[PDB]
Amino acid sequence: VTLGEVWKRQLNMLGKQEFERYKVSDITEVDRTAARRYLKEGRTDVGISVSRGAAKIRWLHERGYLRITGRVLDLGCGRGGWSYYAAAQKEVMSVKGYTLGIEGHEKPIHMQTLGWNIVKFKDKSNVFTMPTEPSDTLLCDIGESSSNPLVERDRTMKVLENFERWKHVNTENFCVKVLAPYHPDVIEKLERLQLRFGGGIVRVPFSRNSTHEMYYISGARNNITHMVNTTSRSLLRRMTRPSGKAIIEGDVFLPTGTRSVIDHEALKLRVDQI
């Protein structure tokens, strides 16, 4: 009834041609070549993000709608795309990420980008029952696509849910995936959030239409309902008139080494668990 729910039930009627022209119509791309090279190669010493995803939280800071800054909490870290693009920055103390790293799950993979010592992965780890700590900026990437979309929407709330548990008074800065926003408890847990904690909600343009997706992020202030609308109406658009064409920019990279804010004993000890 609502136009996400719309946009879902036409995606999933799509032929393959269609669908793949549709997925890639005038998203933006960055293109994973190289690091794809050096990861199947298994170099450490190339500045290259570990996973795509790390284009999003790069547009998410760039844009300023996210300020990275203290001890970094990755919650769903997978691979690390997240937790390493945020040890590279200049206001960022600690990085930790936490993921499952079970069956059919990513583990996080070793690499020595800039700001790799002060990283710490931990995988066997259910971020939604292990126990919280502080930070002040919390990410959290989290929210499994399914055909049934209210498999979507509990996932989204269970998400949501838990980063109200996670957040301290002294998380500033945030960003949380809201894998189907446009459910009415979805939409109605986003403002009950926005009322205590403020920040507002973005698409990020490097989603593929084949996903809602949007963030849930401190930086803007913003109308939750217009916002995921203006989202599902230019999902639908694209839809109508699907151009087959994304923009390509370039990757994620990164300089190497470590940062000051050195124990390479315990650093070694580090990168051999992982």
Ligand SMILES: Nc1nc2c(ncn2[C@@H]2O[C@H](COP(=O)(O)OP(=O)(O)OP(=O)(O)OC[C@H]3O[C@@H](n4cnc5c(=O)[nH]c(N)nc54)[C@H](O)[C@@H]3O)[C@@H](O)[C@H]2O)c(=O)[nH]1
Given for the second form:
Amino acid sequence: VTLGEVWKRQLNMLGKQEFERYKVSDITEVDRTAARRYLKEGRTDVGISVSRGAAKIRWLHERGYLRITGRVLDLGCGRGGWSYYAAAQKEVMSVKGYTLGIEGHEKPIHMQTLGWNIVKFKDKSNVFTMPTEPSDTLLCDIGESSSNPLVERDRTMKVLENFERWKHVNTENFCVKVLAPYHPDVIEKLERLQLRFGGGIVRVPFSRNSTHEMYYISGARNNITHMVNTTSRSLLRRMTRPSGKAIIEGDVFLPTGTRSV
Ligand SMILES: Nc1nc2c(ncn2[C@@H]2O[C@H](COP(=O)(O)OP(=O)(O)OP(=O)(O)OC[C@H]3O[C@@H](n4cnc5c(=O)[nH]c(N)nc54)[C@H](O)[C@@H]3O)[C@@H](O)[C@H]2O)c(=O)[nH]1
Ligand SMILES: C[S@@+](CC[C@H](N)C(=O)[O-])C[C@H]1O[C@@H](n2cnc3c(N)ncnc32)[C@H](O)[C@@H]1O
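Structure of the form deposited with ligand GP3 bound (previous: the form deposited without ligand GP3):
Everything in the complex follows now, all chains and molecules, and the chain you saw is the first one.
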């Protein structure tokens, strides 16, 4: 019914070569060569990012969609790309990252980029069931892809519901993955959240064309339906005319060392 739903149905119809060409068409990618080299080598003294995911938060932060300040919570931190990014930022006082890190899920990677000493990771932590805590900046990058649109809807709704559960009165800043934003139930939920909390939704250019993921953020106000439909139309247009070529950008590099505050 929605254009996003049309997009999702059509993505599954793509043969191998068409899918591979499509997913990278006109997207932005960070060059992960240096980071992969030092990660393989096992170095902790080079200011690399532990994941490709750090590129997404850098973009959101630098483009002004998200202030990162105070006590930061990183829900579903995985390797910790968003946690280390946050820890290096001027106004950040501490970062707490929670993740499952069990049964095939990514474990936090120990690194010594700026502010590593103000980061605390806990694995074996299910953010859907564990007790909440206050934060000034609440990050959540959770949303596992599925070819079943109903599974993506359910996963998205659980993330948005858990976000409202964790969000405290002092949580003025936030960034939450919205895996499948086009689903009418998800649009409705986002609209309700926006009534209470403000903010808006944005497509991060580092996302592959094979996902409709968008981020619900605190730093900009916009029209949810319009922003979602604009991304759906963009994804559909890229499908009709796939370039098969990504724009390459420099990776997220950080200083190394401890911080006092
Ligand atoms: N290994 C690795 N790669 C990273 C990373 N970051 C970016 N990449 C970049 O991702 C590319 C491969 O795509 P990836 O395997 O990571 O996931 P893709 O988008 O294929 O698929 P996925 O996100 O897992 O699934 C999205 C949806 O696409 C659809 N889909 C997946 N595979 C296929 C397919 O084979 N055919 C069709 N028609 N649809 C598919 C399904 O609907 C699925 O729900 C890499 O070459 C690299 O440039 C990283 O941290 N690790
Ligand atoms: C997309 S990755 C996060 C990437 C991260 N932002 C980065 O830059 O490295 C999502 C992570 O959330 C974790 N996760 C999924 N469900 C979770 C849950 N219920 N509780 C805690 N972590 C969860 C997954 O294991 C995965 O490692």
